[PDB]
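Student: Once you've looked at the hints, dock chain H against the given chain S.
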Amino acid sequence: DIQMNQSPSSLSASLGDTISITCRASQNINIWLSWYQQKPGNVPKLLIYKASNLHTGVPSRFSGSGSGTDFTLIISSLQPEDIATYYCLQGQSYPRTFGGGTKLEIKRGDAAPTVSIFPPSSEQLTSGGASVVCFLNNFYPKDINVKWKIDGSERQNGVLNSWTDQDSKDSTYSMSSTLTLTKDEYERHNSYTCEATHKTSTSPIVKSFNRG
Amino acid sequence: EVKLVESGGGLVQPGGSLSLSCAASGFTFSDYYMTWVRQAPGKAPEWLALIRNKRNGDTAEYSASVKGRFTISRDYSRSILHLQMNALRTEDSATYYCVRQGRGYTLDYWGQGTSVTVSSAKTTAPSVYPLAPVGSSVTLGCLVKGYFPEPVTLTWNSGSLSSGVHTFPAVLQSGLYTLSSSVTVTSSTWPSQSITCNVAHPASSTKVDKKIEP
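For the protein sequence lines, the chains are S and H, in the order given.
Residue numbers for the first sequence follow our numbering, beginning at 1 and rising by one.
Residue numbers for the second sequence follow our numbering, beginning at 1 and rising by one.
One chain only, chain S, in its complex shape:
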């Protein structure tokens, strides 16, 4: 089996930049290498075939090269619509194998997350049916930490986290965190706090409310 090693697993760049993505085959695959683009929510699209041949609908800013085991995809003058994940594929031997992929992100100034906390809705409270939600929105860079405290005490049990892909409008990331309790336990406590720890500060951003 031929293994395809694709470097820059993740690549941060700026619009207009010239960037390159690499593909190393653990075995000579001649010219049988193609490149694909996949936008979030969409199906992969063929960019380059036979290592260096531009597919019919692909702009000239896309070019590929290489023979044997080393291949490179170059995007000159990065555009907003180019922000996506890129994969290489060897078509010489079975099984057919893809590269690990390269996820493009746009660089921007560091941003602290806007934090909002939400007590259980009355509907869920009838019942029952208790979920507390906290949004950590529009922050940069990617990594972020969330901590839940109930009446001071750290709670990790029934926590559910989700993360958005890079926002296309402002290049920021967001996170949703839902703490689910039983109606009974929720009503035995008062203070509920959501703490966000981001790169932008050694001090966590705290949001909370009283009564439950």
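Keep in mind that the hints were calculated from the coordinates and are not lab data.
Fair warning: there could be bad hints in the mix.
What the hints assert, rightly or not - Computed cross-link-like contacts, EDC-like style, restricted to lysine to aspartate or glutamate with a CA-CA straight-line distance of at most 16 Å:
| id | chain 1 | residue 1 | chain 2 | residue 2 |
| --- | --- | --- | --- | --- |
| 1 | S | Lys45 | H | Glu46 |
| 2 | S | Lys199 | S | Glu185 |
| 3 | S | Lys39 | S | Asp82 |
| 4 | H | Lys67 | S | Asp143 |
| 5 | S | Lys149 | S | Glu185 |
| 6 | H | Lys207 | H | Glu150 |
| 7 | S | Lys207 | S | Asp151 |
| 8 | H | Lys145 | S | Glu123 |
| 9 | S | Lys50 | H | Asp108 |
| 10 | S | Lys169 | S | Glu81 |
| 11 | S | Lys107 | S | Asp143 |
| 12 | S | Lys107 | S | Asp151 |
| 13 | H | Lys54 | H | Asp75 |
| 14 | S | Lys45 | H | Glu91 |
| 15 | H | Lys210 | S | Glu123 |
| 16 | H | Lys3 | H | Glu150 |
| 17 | S | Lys169 | S | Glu105 |
| 18 | S | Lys142 | S | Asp110 |
| 19 | H | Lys211 | S | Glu123 |
| 20 | H | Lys43 | S | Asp165 |
| 21 | S | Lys142 | S | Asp165 |
| 22 | H | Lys43 | H | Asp108 |
Tutor: Just chain H, lined up with the frame of chain S:
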């Protein structure tokens, strides 16, 4: 122009079977090798199987991950590509794609995909709870909890309110999925104006609206 349309996906028990089919058009079915590829959410594509044409033996190739469990075949008389999926496992859950191989052994054209979910959990309508704040700008939210399987569709004001929205991917917790969405508007915008959360879940014929009230 080349077109591929797959069908036959859905929810199936672990160990169960599923029969996928791909309708090919706009090209000569017999002239091209055909393949099946799948992709799990947040993963790289995974090639599954290739079948040659009549001139080249009509023989097949499989990935080790599905070998023996998945069978690829073709119906020349209707230009249909088949994938028989037996002994399904939870990690087989993904979007399945009918894909053509063009010149230079190149998987050139892809289909839209058919979704397959392998789980013991049963279909379940979502709940959907509005999320009102505890100025300048205000952040509202919408919580969609306890549904199965994927997916659901969430909009704000029927899609008219698309700016300042953060819709988070669904996360499984059993059992059941949870999905959330937030919308941030000018403080003078709400509650002076009406913002409603629209959720739809076809697998349960769920179609619910939840207005965010202060």
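Student: Does the structure break any of the earlier hints, and which numbers would those be?
Tutor: The structure breaks hints 2, 4, 12, 14, 16, 22; every other hint is satisfied.
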